[PDB]
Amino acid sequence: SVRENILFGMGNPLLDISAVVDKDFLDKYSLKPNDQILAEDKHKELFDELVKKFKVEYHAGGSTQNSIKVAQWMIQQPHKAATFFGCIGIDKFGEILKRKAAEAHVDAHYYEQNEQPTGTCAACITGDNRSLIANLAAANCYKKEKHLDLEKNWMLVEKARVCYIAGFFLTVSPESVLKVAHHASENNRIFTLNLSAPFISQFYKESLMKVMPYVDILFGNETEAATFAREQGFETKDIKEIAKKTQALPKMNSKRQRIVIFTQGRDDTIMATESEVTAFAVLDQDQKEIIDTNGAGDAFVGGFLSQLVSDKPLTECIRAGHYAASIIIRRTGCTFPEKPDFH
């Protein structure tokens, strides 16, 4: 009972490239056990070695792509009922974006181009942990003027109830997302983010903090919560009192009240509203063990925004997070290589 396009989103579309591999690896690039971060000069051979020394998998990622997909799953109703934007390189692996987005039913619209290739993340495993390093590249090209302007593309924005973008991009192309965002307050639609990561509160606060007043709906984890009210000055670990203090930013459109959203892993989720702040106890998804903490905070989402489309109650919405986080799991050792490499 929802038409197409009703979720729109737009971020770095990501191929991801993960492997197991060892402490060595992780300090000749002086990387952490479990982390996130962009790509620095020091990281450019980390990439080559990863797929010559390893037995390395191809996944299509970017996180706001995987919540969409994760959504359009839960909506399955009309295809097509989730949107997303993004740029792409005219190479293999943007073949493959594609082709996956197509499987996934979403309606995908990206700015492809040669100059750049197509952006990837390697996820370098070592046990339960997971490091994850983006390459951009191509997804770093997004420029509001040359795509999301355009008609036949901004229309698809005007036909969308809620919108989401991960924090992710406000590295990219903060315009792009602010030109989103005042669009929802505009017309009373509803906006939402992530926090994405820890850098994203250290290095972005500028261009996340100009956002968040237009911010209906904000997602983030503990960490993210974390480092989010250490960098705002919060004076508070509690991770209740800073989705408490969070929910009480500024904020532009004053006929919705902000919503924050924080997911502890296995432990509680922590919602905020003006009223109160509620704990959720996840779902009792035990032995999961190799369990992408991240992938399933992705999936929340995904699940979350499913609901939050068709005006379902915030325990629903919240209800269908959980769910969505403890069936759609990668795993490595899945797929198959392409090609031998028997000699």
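Think of the rigid core as the biggest set of C-alphas that the two forms share within 1.5 Å after superposition. Residue numbers count along the first chain shown, from 1. What changes on going to the form deposited in another entry:
When both forms sit on the same rigid core, the CA shifts between the two forms reach 2 angstroms or more only at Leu46 out of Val277, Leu46, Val309, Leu314. Remark: with the core as the superposition reference, the CA shift of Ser18 between the two forms reaches 2 Å or more.
Comparing the forms between the two forms, the C-alpha position of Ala184 differs by less than 2 angstroms, with the core used for superposition.
After superposing the rigid core, the C-alpha of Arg130 moves by 2 Å or more between the two forms.
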Given for the second form:
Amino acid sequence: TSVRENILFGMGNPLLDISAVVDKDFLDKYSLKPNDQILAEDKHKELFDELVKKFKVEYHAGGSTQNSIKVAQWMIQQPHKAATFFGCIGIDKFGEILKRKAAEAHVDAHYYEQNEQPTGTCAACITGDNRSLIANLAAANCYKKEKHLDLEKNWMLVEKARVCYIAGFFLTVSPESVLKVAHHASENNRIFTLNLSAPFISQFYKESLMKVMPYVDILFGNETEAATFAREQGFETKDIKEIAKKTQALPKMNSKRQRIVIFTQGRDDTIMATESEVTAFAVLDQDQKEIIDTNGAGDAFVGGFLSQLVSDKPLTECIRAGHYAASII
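Please give the other form, namely the form deposited in another entry, since only the form deposited in one PDB entry has been shown so far.
No partners, no molecules, just the chain.
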């Protein structure tokens, strides 16, 4: 093996995933479309506490960036604490559970804990054939870099790292801290990776997303996200195989590393753009998966891919583990 700890740093919104099995007489209370993912409003406050009661649940350390780092450590059977992760949580039992589920993943998590807000949480409300998801960010959105990421002891773990990845959802929380990490990857010429996460980031956080873009070694994104990203910046093309070209020719601050743009397409090829020219890799099929996680499998692609890049392997092999990873899920 001989891979080393804290070799891959990650950072993002730690969400505590709470799945179970409900019905509808539990959903109509809070009125929720059987298969839809939205954000929690002040009329959903209880829905959390009332999902740990009347329903048998599992507790997984969730959130995109955190999902990707745990899958990267899974494919990283050894050593342990090979991947690190910073985020904000609350000082309540939910955060207690999160701290636990992550160590129980050999992930080296180091959280910014606080009281103001509860630990965030995502709610898996499955009726078997649906996915009503309720997300409440809370604590994940209170991260303070000056009192956590800026501290010597944690910042030294960002130093032990030779690869950084942050899902773009985190730009909605702290671009200043996304930046300190990206910038640093430049100054010490290490790899810094990023996710477009959702089309809304490209449409509504472009200023923050363009500030880090020059400091972005690799870029992860999907079909649609790719699509909207081009729409704004003015690429004109609608051809993904082309967008990957126009984007990756974007002003890259560090010039010592030319960039790689991996645009996934759900389960259907993968478009990589490098300094040379654009190729395309077809996916591993697992046909007629009615259960197909689909949404949230791109997080798994990213972990598997990351697991192979922390060892500087052929991009073709990083993309191989991306499929091994997405999915066991």
